[PDB]
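Novice: Chain by chain, the residues:
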Amino acid sequence: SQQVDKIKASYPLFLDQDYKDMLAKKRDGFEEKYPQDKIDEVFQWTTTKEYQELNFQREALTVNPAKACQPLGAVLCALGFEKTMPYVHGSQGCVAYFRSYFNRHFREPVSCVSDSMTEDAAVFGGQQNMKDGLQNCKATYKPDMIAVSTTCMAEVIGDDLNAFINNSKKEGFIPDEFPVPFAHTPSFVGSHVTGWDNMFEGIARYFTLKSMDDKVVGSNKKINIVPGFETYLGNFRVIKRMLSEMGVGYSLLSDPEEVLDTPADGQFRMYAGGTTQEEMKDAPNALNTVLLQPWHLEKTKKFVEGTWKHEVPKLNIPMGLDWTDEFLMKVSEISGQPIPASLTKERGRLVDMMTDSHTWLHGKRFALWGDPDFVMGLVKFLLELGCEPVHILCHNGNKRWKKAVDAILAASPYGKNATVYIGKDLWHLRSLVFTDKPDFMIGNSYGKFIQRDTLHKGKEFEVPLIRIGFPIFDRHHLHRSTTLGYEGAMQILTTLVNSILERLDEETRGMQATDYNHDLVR
Amino acid sequence: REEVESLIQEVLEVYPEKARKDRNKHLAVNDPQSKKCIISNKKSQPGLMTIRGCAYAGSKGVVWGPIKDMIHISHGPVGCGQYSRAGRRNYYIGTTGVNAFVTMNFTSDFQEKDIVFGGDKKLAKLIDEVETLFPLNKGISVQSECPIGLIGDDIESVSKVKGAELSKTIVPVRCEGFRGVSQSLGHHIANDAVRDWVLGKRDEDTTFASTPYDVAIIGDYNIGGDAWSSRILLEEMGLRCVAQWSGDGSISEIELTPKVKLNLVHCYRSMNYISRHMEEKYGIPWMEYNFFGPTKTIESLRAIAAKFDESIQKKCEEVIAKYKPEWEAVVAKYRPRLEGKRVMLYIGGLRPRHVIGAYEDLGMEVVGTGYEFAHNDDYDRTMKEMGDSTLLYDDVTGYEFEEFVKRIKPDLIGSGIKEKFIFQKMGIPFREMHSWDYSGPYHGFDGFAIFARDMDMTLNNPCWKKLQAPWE
Amino acid sequence: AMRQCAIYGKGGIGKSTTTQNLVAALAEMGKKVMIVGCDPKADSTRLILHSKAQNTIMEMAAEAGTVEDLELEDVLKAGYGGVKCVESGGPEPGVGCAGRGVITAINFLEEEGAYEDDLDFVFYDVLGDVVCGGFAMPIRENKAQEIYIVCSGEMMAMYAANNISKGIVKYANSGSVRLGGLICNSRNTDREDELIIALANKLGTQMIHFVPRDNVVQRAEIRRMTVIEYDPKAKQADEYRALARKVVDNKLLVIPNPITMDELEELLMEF
Amino acid sequence: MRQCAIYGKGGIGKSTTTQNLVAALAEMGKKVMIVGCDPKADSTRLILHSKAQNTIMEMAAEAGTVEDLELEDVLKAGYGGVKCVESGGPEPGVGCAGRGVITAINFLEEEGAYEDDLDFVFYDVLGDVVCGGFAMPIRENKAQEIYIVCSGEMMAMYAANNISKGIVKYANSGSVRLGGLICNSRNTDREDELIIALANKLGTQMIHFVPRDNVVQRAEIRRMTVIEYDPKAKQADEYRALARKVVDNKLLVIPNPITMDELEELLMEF
Ligand SMILES: Nc1ncnc2c1ncn2[C@@H]1O[C@H](COP(=O)(O)OP(=O)(O)O)[C@@H](O)[C@H]1O
Ligand SMILES: Nc1ncnc2c1ncn2[C@@H]1O[C@H](COP(=O)(O)OP(=O)(O)O)[C@@H](O)[C@H]1O
Ligand code: ICS
Ligand code: CLF
Ligand code: SF4
Ligand SMILES: [Be+2]
Ligand SMILES: [Be+2]
Ligand SMILES: [Fe+3]
Ligand SMILES: [Mg+2]
Ligand SMILES: [Mg+2]
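Chains as they are written, first to last, in the deposited numbering: chain D, 2 to 523; chain C, 6 to 37, 41 to 480; chain G, 1 to 271; chain H, 2 to 271.
These are calculated hints, taken from the structure and not from any lab test. Each residue gets a CB set at the ideal place from its N, CA and C atoms; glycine is no exception. Honestly, I wouldn't trust all of these hints.
[What the hints assert, rightly or not] The list that follows gives simulated cross-link-like pairs (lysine to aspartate or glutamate, EDC-like), each with its CA atoms no further than 16 Å apart:
no. : chain 1 : residue 1 : chain 2 : residue 2
1   : D       : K7        : C       : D462
2   : C       : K323      : C       : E243
3   : C       : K51       : C       : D36
4   : G       : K52       : H       : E265
5   : D       : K303      : H       : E112
6   : C       : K474      : C       : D462
7   : C       : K349      : C       : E243
8   : C       : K129      : D       : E60
9   : C       : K50       : G       : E63
[What the hints assert, rightly or not] Where chain D lies over chain G, by a calculated footprint (3+ residues, C-beta under 8 Å):
no. : segment
10  : 54-66
11  : 205-213
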């Protein structure tokens, strides 16, 4: 039944007595459900350390991973160049999934095409698919560039992207001079960050490899910034703002901030901003190349050092206080420009907030997960705050990154109770947060299901989630936030302290039971 | 009519020659035999931003995923599962991680060595680990991805051996994405999977007590509780709903389905294969029903009752009388805010024609509709519903849909997520027709109120009047 | 009553030729013998269908759209002695994925019931290298029940036979497929008789027959015929019918025992 | 450096001809390295004097990835200092070997392998080029010289024509060319009847011919290369002759693939 005054959506409509009776009848009659007591015993068993030992011996099953496949990162990197069409040579269901993922995260239109290989294209190859797709895409959407990635089907059968593109150019399907960079992005190795790196290396190769005879280092007096896989627009904005306040000439390669943040003014802008082809062609002339996320920019670093002859600095991600200072100092050394008073003031403001909130922040226990550089930056910043990271999880991490994070933890007295896990998924993390309960988790939307499970064990066992990472689906406009630099540090600090205070207010809202600590001033 | 044809030609004048001829056959002006007007179920033209998915999306995400007590393994690389985890709002009741697994992502997480050396051994070990860690699961399905189909992994043998060894049903589904042209072949493959591995397990069992009022809801995936909002009506009419396919559905209900008296099929496109199979093998009659809006709901309820005795018809009349004032009040409240408005739709394979009656019940006209992966029978069905000199598009592209909307200028557009923000930035209200914009249910009398309220809050929201800066 | 057999071996050993010659001999004896070529080169049915084997499942699958649309009569062509022949086909070398083509063709044939007519024999002729699970599709469950490995002297032939037995073991355990024997396609070698006899006993199989190397085979292949159709009188046409009868009467079906090929290299030193 | 690719019919004697060829170029002054391209790795047995059992694919599986694969653990010396790297793959009927070829060639590109002082890198590919992966040796920056090894028998010539059809696309898209047709023997009536005819119809030449010398099989039994087993025999002299032709080969035209009707007529023509 529905009252026209107060219409109920699924919640709380399905809590009415008629719907409860319907569900009870269905369950009792035809579902053959286990007894409720059995379900309770099994759930209790899933929260025990014995179940954790069983869970951590997995060698073949993955449950609730924390990563995606390479072509997603390839598409994200392709979107950072001006009038550029991401073109995923392979099947369509993948581009459909990529677009769906990115629309849900950004609440933005995302442009990407596929050549839609069928079974016949798998058996016979995708050269004709390559030709027809390139021609159709250029005719229909009119890009200045088409950046080609691959789905796994294409990788397994060994489709030669270079040969297919050259044959397309030679047979007149697309102009010979039209830029079509490509990269092999096999989904069965690495993750989305690897796809981003491979796509960027492909684009840089296409625009720079054959024309290095006339390049000299430092002639354009700029610094190349490679952001890597970045889903916070405030990160691009803060990097650009900090460099501009510094007076440093810079070239942000693969900058998608404009295309992912277009205004709603009655027209649909498919392309906006992005790195220009002139900037890519002039990139070897820079003073140096700075990689913001060095732990998934390995192939790019190899190419830049080997070809462009740039002495890439060994810089951690500019997250937190110490690493932002090391980034600013390195940029000042490379460019010769001093750090302005505005940056010093904003650093001092961040330190002021740190000393203001240290009392509530100290000793808190966090689990966290995400991409390698993001995770290690979060770990460092938490260590600087007096907090205690406990469960550090990175599904797409490697042993060198794990050793680096272990070194970072061992340098601080707040890392003694911290264990770094690589190759483990969110089911492992569910076991971890059940067995060694932390105060909070920090991670993407997928952690919400962990929170639910903890709340099912009891209110006292619940671990609240703090949404910092990718993807964020159940909240709006969090992709506009910042994580890099002092600004991102203040945003993260505020989110952490206010999450702690909100939880404390929730636990002390009980009248005549816990309200004695329901303080007006915290 | 001539204006629509002129717009079709103008839009087509942008594609290359082969693309132009191919796209010419998938656009038509409705004239209330679709083969002579529009052709469907064909390969998409490369590099044009189609909206269609893959066979894996139509098998794992649509058919098998909503089955709650089963564990579904996305066999292959990690991407497919990750992108399809909890993306579809097929509601269910259960304890996730104990006895329900809809929102969970189980995968083999294929590496390079898996491709080079095969993944059957890893598949067997994964089945063993699943059985160890999730004991209350009532079955396993193995949904193949593209590399599995390419390298020829014998997942059927593994399924048979492990089902024998651990005494549980393991359904291997060969839904590799490159098969077919859309999700339709995924629906088909999933349906033969159910037929071959699940449907006939209780064929020799006579323990179930059957009543003459036994009906099975077929092809309702419980989006936002939609199936529930239908089931109650069917139960208020004296009918007993034995099974639901597959939203909030259990393997026991699917096994019990061959015992029903009548099969009420909601989604023809995805479940007609199993419906016809059951009619031919067990002799169960089946028929379509439509619960979108009050008029189609009343017509469907009367049609359902007409298949039974007089008591069912009397209870149907009582149900119609009971729910009459609610939908009359909803109409009297929300129609004046909606009369005369125009809607353009682009949904997958069933909804573009089912939701038309609910739109008409609010005084709203559909001027354009189309399908992602529907067949010719779907267009045959939708020709009668659509008005004269309207627009039909099959497997429309981004450019074509944008140009069609730019020239037609509808009041509302109902479609998927991949164009929601596209049409939002063009100043036209847009309403997700796949996830119900995270709202619903829309089925039944209870869902009609939510449908009307959502239509009003989106069409008449003031934000649409603020897209031009006062100084420009 | 339909016996399903699959012919494997080292590339260039004569699988296709020996297979067609037998199908001719079986047809002369009198039995309906389907040939299924699992080679993208579309070369397994040329001495029997004459011509060049023309139509393939994959090519009309591409022509008609998807594999579902195409009808069985299009690719199924009867030839000499009523020998119905079908070839999977595939891409030109260096592109595509032939294994998927073989998988699609085999599924096509089952769902259209090509085998499930009242036949007597089905002979799959598989490529020599077998680099993926698709080319092992003829030896899955409900597929070919007997396997014949064609080999010769030297070292590469027995090496490939041992490796193919290694690969066969998994499907033999997973199903009901068994190795029926070894066909020795003599090249010119010396002591190859003892070599192959010893190798078969080492693997637990038998030497079902020995085929001499004769140029009448080349002569008949140039004119697009088998030897049974070219000239029944000649020798080397006799021990095609001979091993045809031997295959008909064969009963030793075993699971192969692959040997750590240090043992095979020793065997080469001895024999 | 002359990166070359040995293609042709399966079982026609590629790794045999290739191994004695590189051994003849060895102890002639030059430095060579063999790279195989088929899972049943035995293309370096003669030079290595033993089957490898240490290929790129199994070691990558053991370590976990090719990123952990150090180069020195898969490259070995041999007769005349010939480097040999076997790359390997799955047992028959399982997995995907073409992806193994892709991964191993990419690994050899990444780890500095080709950038030594050697003269020829001889890739040696299986007869059944069933997917694009096995066509990796003829990609861009890869081998530039294809030597189709085929015999006078009809089926070998048909395989050579099919391979030419396959490599047309790579030749047009890149710079790899058909160096010449390598002729082995089956003691047929051809040996100029359909080998020079096919070569000129493919626009190419037959670069020397090696007949059915029985010595090669008994040298194969001995783990041996002919010049290493009988360094004063007729087969060994023929193999220096082949090495000499390989040294001074200049005809590098794009293959022109003749049609099936042309092959059928050519069979009766000779
Ligand atoms: N017994 C034989 N005597 C002479 N030549 C033969 C004999 N068997 C096969 N051949 C020749 O060997 C060539 C290779 O045979 P083929 O059928 O291609 O084997 P596969 O299919 O295993 O490569 C054929 O062209 C054929 O003429
Ligand atoms: N010139 C020759 N004289 C005698 N036997 C040869 C000659 N060339 C090759 N063979 C034999 O034929 C077999 C061919 O096998 P292999 O060299 O592996 O061919 P492929 O590499 O093309 O498969 C070898 O084992 C060898 O004994
Ligand atoms: S199954 Fe189909 S695309 Fe019939 S794949 Fe799709 S929950 Fe659509 S128009 Mo999402 S043929 Fe269902 C559908 Fe309709 S997922 Fe839902 S809304 S009625
Ligand atoms: S049609 Fe392979 S991991 Fe899955 S997203 Fe694709 S690159 Fe990445 Fe596409 S979704 Fe999958 S892969 Fe095919 S079955 Fe359909
Ligand atoms: S090895 Fe087999 S499965 Fe892999 S790409 Fe080649 S033909 Fe296809
Ligand atoms: Be062969
Ligand atoms: Be070979
Ligand atoms: Fe937005
Ligand atoms: Mg053959
Ligand atoms: Mg070889």
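Novice: Hint by hint, note whether the structure agrees.
Specialist: Going down the list of hints, with the structure as the test:
1. D/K7 / C/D462: Distance ~13 Å between D/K7 and C/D462 Cα, so the pair holds.
2. C/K323 / C/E243: Holds: C/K323 and C/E243 sit about 10 Å apart, inside 16 Å.
3. C/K51 / C/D36: violated (25 Å)
4. G/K52 / H/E265: Since the Cα atoms of G/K52 and H/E265 sit roughly 9 Å apart, the hinted pair holds (cutoff 16 Å).
5. D/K303 / H/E112: holds (12 Å)
6. C/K474 / C/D462: Answer violated: C/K474 to C/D462 is near 20 Å, above 16 Å.
7. C/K349 / C/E243: At roughly 35 Å apart (the allowed maximum being 16 Å), C/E243 and C/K349 break the hint.
8. C/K129 / D/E60: Judged against 16 Å, a Cα distance of about 11 Å means the pair holds.
9. C/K50 / G/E63: holds (13 Å)
10. 54-66: holds (count 4)
11. 205-213: Coverage by chain D is violated here, the residue count being 0 at a Cβ distance below 8 Å.
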